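Apart from one protein chain that is not included, each protein chain of the complex appears where it belongs.
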Amino acid sequence: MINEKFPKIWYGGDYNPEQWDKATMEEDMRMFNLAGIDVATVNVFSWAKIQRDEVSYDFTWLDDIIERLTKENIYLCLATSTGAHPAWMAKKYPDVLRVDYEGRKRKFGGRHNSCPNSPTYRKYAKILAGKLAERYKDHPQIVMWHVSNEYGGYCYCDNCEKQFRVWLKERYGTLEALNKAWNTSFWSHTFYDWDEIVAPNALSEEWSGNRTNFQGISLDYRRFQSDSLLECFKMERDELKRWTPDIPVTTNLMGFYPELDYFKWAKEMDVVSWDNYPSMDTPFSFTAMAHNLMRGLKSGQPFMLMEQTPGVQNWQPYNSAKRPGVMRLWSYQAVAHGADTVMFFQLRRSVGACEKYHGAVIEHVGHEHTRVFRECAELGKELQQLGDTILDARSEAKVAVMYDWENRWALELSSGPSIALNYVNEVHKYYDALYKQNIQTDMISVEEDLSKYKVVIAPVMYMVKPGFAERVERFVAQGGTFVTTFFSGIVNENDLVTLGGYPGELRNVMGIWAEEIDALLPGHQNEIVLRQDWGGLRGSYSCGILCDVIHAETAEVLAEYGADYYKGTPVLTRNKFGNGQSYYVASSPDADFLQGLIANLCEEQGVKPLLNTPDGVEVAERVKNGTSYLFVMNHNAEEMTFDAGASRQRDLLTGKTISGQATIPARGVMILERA
Amino acid sequence: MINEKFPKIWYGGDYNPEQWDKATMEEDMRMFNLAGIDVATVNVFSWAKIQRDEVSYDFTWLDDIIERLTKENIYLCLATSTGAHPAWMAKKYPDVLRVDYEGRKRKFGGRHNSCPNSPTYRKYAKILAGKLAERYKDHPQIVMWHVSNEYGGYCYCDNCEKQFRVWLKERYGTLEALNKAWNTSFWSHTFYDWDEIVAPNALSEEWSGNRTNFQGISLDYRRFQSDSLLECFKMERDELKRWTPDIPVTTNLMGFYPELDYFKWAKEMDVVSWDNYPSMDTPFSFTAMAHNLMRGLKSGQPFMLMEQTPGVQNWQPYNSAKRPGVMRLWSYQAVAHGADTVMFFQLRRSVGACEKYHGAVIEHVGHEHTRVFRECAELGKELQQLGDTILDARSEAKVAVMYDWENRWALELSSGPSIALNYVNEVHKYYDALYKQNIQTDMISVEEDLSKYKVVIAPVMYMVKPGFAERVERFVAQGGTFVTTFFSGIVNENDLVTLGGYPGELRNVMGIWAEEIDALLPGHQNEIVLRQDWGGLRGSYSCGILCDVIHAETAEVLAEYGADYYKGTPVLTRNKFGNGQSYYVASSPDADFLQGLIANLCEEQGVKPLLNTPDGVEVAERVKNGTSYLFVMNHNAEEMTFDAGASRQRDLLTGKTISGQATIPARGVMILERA
Partner (left out) sequence: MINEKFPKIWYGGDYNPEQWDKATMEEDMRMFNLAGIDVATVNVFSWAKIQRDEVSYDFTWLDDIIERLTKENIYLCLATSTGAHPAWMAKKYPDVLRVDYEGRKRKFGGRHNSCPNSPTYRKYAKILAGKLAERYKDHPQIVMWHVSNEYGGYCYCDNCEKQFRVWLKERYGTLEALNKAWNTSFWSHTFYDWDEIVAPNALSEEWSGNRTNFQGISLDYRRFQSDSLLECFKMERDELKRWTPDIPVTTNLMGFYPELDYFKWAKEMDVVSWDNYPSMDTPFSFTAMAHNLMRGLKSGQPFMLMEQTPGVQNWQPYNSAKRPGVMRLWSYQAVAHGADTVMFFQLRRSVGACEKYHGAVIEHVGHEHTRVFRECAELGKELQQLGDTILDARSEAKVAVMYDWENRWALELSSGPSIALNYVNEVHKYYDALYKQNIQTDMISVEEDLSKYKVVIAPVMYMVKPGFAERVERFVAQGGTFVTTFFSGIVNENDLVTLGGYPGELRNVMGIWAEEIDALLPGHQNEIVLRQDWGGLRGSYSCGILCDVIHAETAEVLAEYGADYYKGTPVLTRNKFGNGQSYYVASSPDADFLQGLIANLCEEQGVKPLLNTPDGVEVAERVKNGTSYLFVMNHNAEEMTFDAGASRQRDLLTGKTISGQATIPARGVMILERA
């Protein structure tokens, strides 16, 4: 369990009584009890309230808060308050403030923007973390440390530049090695001294947010920035553990957030926690993929849903309300994919600057006789009823799809082949195909051991890191199926092209050679023409974005391009390799093809849908010992019916016994417990 | 009158003979008499020509211009020239130059961009105004002082920052009050010293033009900037009045210009003046609303139309010509809504940098045998014939629609609830409905005395200021009808939410509780379904953008939502309050709905259309003692006919008597004189 002393799915979230008075806290306690809220994430944004100058600390206001919650037996997710520095610190110690992408030195304002290489910030953040831990080391109610808040954003100030040079000395050792890694013979970029190297932003190598002249420099700067923020986190973490070695530590992550390499971050964290904020507009399968990735960060360990909104989110272009039941629907989607808490931002609306129109459990009217409150209260009761049933349950997927931040960085900084190539979208296309057939799948790093899986899919694996090729050759040889696509295997970890023919280190295992890649103008497509009927694949399908022109070497040809000067050449190939098979998809296919492809690949390996359901009825499985829990989630606005099988199963949420045909209400959720 | 000395509608405008030679002034004079031009706005942009260093002043050039015009009995609207500082001043005294929103220190260029808190600028601006007024104090031709030119734009330099702190000390008195008003407990923003406070721009609290993290800081900085600039106006005004206590002083405004609180400005000005530049694209009823607002700034006092192009305006993306008759049509539209002058930019085209392709009376050919010149000459002659007839005439509207800049600021800085919420567009939806039925209406401030009205409409009155609620309650209880809408009554003057349920201070008078608001994605609409027929409203109409979900408390439900999860809940309510009524419109309705609503509200109060006319034939009224002047303006490219009433009346522009059926030419104008 996330914490043995708190044996249920925690229910609560960000709570900020210091924005209010004592009387409102009385009301908070009363309404929290009504709603079933048993955890509070406190002290996220009160650095200034605690510390008014270099030497003065006041925790009495926090003591009162902890004590009051303790009387209710509400548990505490205690934040270190380092997510936003005090105005006096920004004024007296400007080294705390970032320099942005445009080269400007910032002034006090916003949040989440301390220079990760600031001596002042690291000095006081460490001291603050250590004082909190020390003061509260013996307190029974603290179940989790919430370090800082949403680490993110890049800094380009002098300290970062000086420290980037040091990071480079440690990474490359010599300028010779650095000059080679960066391919600096190009455009006369030869460096003769480390101080000659500067941060890549709008003043130097980069422009318009995502372009660069020197991708190796941009790539390493992102690695370095990610590491620098990670050092801040570890630094607070170690200071906390020194006083409370037994209290877990997390920090709140942001899913498919591009700027940080969370696989690397996750290793430093006791448990993953994240903040999920889908729009009305966000594909439901995408937010599943994100919860999935969050579980993948620690190779399938369950994570905390640290945040979500009980209703609207102010930051969205259109503050759409969550329709009746959707809040609950989406809470259970989170649990369905590994979440062992469901927590909100926030418990009571601010009044209150930029997030006053962010939804909360208790809102501006200040009472519980509210549609939003009712739904929250219903959920809370159900979470109480569930107790520890679902805790620690894990995924037993036999299909994995790989995702990597470094690969994403390189792809997004690349100049060509097409601005229409979107890495996450391509990964999502493959994942969506699995989600639609209820094939249980894991989002995994490229370093994950492949032996538990039967199908491994690596969409656009552009960057191939040391050991990767060997590991997939092994996987496939011993009977697995591996899938990869156009524009994969191009470069190594320094964004240097692996010479001798794409797909480089994967050429052997894929059995093909990709001669050249063609980018299609917007609105232009080609067509995948099957050689002959093959399982669920039959006739013609459309493809687009990029078209790899390839030569079957070892591999067999399953489909050919239908048009253009590479008409009749291979677009889908199958390589028999050892006891396994690898598939190379030379273009970006429509959803029908990926449906047939995924169906075939799963059948080939004897992996079966968890359940068959109408479109939009999502099924995911967590397993605890031998008991299988099937989360059935109906995203449709209408009631839906499906075959649940013949097994003796009971819906954990109704108590009723389910078998054969079963109906699920609109926005409905079932948790089928079997064996 | 604006000035007893000059008892007709002034005709002329911006005149810049100092760009030319003495010889062309002879031609200007000849053509001005031909055109009926009797007022010149001189010395707008010649600060540098006058003052070449800290100590030298040359007015001899201006003497000669003033004397030449006096020979023609042309009157003078004399500017102080402070609208653009000299290049030498920006060079020797950079404190005069602004720092922009991106945090950059500007160099010399442009105009209207002196730092309003600059010691140098204030020093020399005051001296210049003073020397100008002392020199010409006894001159018989000066009818108006024209301080500076279109004040506007924000500065973020150090002097403005330090004076922001002073302005805050004066506004709040203590840091305790400041921290509370700004809700600084949010994101650890507690200020312990005034110097910790910085200006909100891209370096600190704001981004991409209208976004902020701290709307309280951003709202106050806008107030501060507006006041700072206003102080510059007042400073020059006071110095002028020292020497010429009986010459009126104005400055030229920009209508619905967002950055300055013109209601505050107008209290400092003897008369309002403004610059009307409609695109081919602009709704005729919008520019009507704009003139109307300019009338409303001083509670119905007639205003000066200081500028408009006689033809094209270079600044428009497409320099569209005014079609034959349109210059005249638009001139009288200004007069119909309260202009006692019609003046142009400019009298002779420049040669000549960025405005050489801005229209003028006399243009690059240098002669009068010109379509544009003829139309100008024709107007001039009619204005001579009208004499003093219309001067000082006033609106007798029984219907008012409210507008407020501070309200607008808070709305435009709000994070949520919708980027498709546009305040001016909402105000204009209600105004347009009135305009279409020729219901005489006043744009008014939220402070205006309400007793004169029968119907008061306050669209999206998001911010409710001290005294506002009690004022509308008294108004309604005494027999008035009040209308407001979704997202009204939310905050106070500090953008702090009024707790306890929307619409807060207006909840008692509206008879409803607004529980939550839903933002519709673009292209999504809902339905207004009438519960029963009501006047001209029947059945179902569309609404969009935002849908408030409300509960009738004291109020009666007149229509319900037809779709979504709030289907069947109230969207239009009517609360009986004392002797009057208040209507709550919970969403943004289509034109058909608002047509019906407006007809009903007017009929309920016994207010009637001025006249019934075809679409695009606008009718507005000005009343002088016991005489009514109906301006009939046909915006259509085609002749139109209408029922002029049975009353005995003549058309001032033709002398003809009109009765019963009357036709008005394409682009034509009648001014009906009646009792």
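Going in written order, the chains are labelled A and B, and every chain counts its residues from 1.
Please note the rule applied: contacts are C-beta pairs under 8 Å (C-beta built on N, C-alpha and C of every residue); 3 or more make two chains touch, one makes a residue touch a chain.
A.B. asks: From the list A:54, A:392, A:449 or A:516, which touches the chain that is not on show?
C.D. replies: Only one of A:54, A:392, A:449 or A:516 touches the chain omitted from view, namely A:516.
A.B. asks: Which residue, B:5, B:22, B:30 or B:104, contacts the hidden chain when the whole complex is considered?
C.D. replies: Missing-chain contact among the listed residues: B:104.
A.B. asks: Looking at the whole complex, which of B:57, B:88 or B:565 touches the chain that is not displayed?
C.D. replies: B:88
A.B. asks: Out of B:119, B:140, B:173 or B:366, which residue would touch the omitted chain in the full complex?
C.D. replies: Spelled out, the listed residue whose C-beta touches the missing chain is B:366.
A.B. asks: Can you tell me which of A:195, A:281 or A:470 touches the chain that was removed from the display?
C.D. replies: A:195
A.B. asks: When the complex is taken as a whole, what residues of subunit A touch the one chain not shown?
C.D. replies: These residues of subunit A touch the chain that is not shown: 102-103, 182-193, 195-200, 202-206, 212-216, 414-420, 496-497, 499-502, 513, 515-522, 549, 564-565.
A.B. asks: Mind pulling the subunit B residues that touch the left-out chain?
C.D. replies: Considering the whole complex, subunit B reaches the absent chain at 16, 18-19, 45-49, 52-53, 81, 83-88, 90-91, 102, 104-111, 280-281, 311-321, 323-324, 349-358, 363-366, 370-372.
Methods note: only the chains that are shown with their structure count from here on.
A.B. asks: If you average the Cα atoms of subunit A and of subunit B to get two centres, how far apart are those centres in Å?
C.D. replies: About 49 Å, centre to centre.
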